[PDB]
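Novice: Listed below, chain by chain, are the residues.
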Amino acid sequence: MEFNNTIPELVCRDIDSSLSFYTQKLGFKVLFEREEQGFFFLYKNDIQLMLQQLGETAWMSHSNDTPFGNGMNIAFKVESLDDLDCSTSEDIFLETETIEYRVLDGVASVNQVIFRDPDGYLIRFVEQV
Amino acid sequence: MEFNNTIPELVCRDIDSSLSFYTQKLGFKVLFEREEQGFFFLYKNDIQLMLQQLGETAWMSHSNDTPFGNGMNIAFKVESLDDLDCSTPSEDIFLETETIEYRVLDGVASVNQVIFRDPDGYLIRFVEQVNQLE
Ligand SMILES: C[C@H](c1c[nH]c2ccccc12)[C@@H]1OC(N)=NC1=O
Ligand SMILES: C[C@H](c1c[nH]c2ccccc12)[C@@H]1OC(N)=NC1=O
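Keeping their order, the protein sequence lines are chains B and A. Counted the way PDB author numbering counts, the first sequence spans residues 1 to 88, 90 to 130. Counted the way PDB author numbering counts, the second sequence spans residues 1 to 134.
Same shape as in the complex, but just chain B:
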């Protein structure tokens, strides 16, 4: 199989809850799993994302009681936000908005939404317009 050049791996306090969030709310599918390690490799179109149940094999930068994901957001580029459940929700960190960003070679106009997953990871979907 082909691995994307950038794949986030999210340790999940409750992998069942996280799996339901990513599959049912965000439309990811399970590509493969190592279920005996609580590990799931998810995909949606061209994006990939790994989930890992919190446990002894997890790579934890801070203590287990430290809330997850602070400071970061993952920007996923999508052709459209239509297949996302952006109902406006405790799952929504930033409601759908159109924003102009000044970038290297001009202005990137985007439609974007940010979700906050069950452990606090921020997942930003960006549609370039």
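Some clues are possibly wrong.
What the hints assert, rightly or not - Below, computed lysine-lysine pairings styled on BS3-like, alpha-carbon distance capped at 27 Å: (1) A:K44 with B:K77; (2) B:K29 with A:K29; (3) A:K77 with B:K44; (4) B:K77 with B:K44; (5) A:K29 with B:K77.
Stated by the list, open to error - Computed beta-carbon distance windows for the label pairs: (6) B:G27 with A:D83: 16 to 26 Å; (7) A:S87 with B:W59: 12 to 22 Å; (8) A:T99 with B:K29: 39 to 49 Å; (9) B:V104 with A:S20: 17 to 27 Å.
Claimed, not checked - Calculated from the model, a selection of chain B residues having no Cβ within reach of chain A, i.e. all distances over 10 Å: (10) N5; (11) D16; (12) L19; (13) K25; (14) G27; (15) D46; (16) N73; (17) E98; (18) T99; (19) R117; (20) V130.
Read the hints as simulated data drawn from the structure, not as lab findings. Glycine included, every Cβ here is placed at the ideal spot set by N, Cα and C.
Please build the complex by placing chain A with the ligands on the supplied structure of chain B, with the hints as guidance.
Specialist: Leaving out everything else, chain A with the ligands in the frame of chain B:
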């Protein structure tokens, strides 16, 4: 410009310290910046990464005192680990360079990998695929 389909954005407690880490230890370069916002868009080969000074415009899941990046690691695929300053012993190294086989969808991925821990605790995993056997 072409935006990668997956780009992490890391809020940095000390943007100059983080910029020095990513550019000097990990070999990223600045593609462009928004200086007024403390924002930097970095690149290295096919990898892109965003850094932003902790401040008014930062998207923060938890309180500012909550340590950053817990639970996540970003896996960056690279052709080689050679250029990376993986030198030990270092507080920058979370997982020393190792070769590991992973069971994947259609076989086994044999990789060389190293995990860095950046100045705020974000884990950056560099993965060199040695082979995949079906
Ligand atoms: C807005 C930029 C961006 C990230 N991913 C994208 C996918 C399609 C089009 C644009 C983008 C980038 O993100 C932020 N926070 N500032 C930036 O310049
Ligand atoms: C090891 C896998 C992987 C992530 N990025 C890569 C780049 C090249 C070859 C393999 C990979 C993936 O990561 C983890 N933790 N388990 C997995 O199956």
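Novice: Are the hints correct? Go through all of them and say.
Specialist: Going through the hints against the structure:
{"no.": "1", "hint": "A:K44 with B:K77", "in the structure": "holds (19 Å)"}
{"no.": "2", "hint": "B:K29 with A:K29", "in the structure": "violated (34 Å)"}
{"no.": "3", "hint": "A:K77 with B:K44", "in the structure": "holds (19 Å)"}
{"no.": "4", "hint": "B:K77 with B:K44", "in the structure": "holds (11 Å)"}
{"no.": "5", "hint": "A:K29 with B:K77", "in the structure": "holds (22 Å)"}
{"no.": "6", "hint": "B:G27 with A:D83: 16 to 26 Å", "in the structure": "violated (37 Å)"}
{"no.": "7", "hint": "A:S87 with B:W59: 12 to 22 Å", "in the structure": "holds (20 Å)"}
{"no.": "8", "hint": "A:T99 with B:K29: 39 to 49 Å", "in the structure": "violated (30 Å)"}
{"no.": "9", "hint": "B:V104 with A:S20: 17 to 27 Å", "in the structure": "holds (23 Å)"}
{"no.": "10", "hint": "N5", "in the structure": "violated (5 Å)"}
{"no.": "11", "hint": "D16", "in the structure": "holds (16 Å)"}
{"no.": "12", "hint": "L19", "in the structure": "holds (15 Å)"}
{"no.": "13", "hint": "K25", "in the structure": "holds (17 Å)"}
{"no.": "14", "hint": "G27", "in the structure": "holds (15 Å)"}
{"no.": "15", "hint": "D46", "in the structure": "violated (5 Å)"}
{"no.": "16", "hint": "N73", "in the structure": "violated (5 Å)"}
{"no.": "17", "hint": "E98", "in the structure": "holds (12 Å)"}
{"no.": "18", "hint": "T99", "in the structure": "holds (16 Å)"}
{"no.": "19", "hint": "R117", "in the structure": "violated (6 Å)"}
{"no.": "20", "hint": "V130", "in the structure": "holds (13 Å)"}
Consistency note: the structure conflicts with the earlier hints numbered 2, 6, 8, 10, 15, 16, 19.
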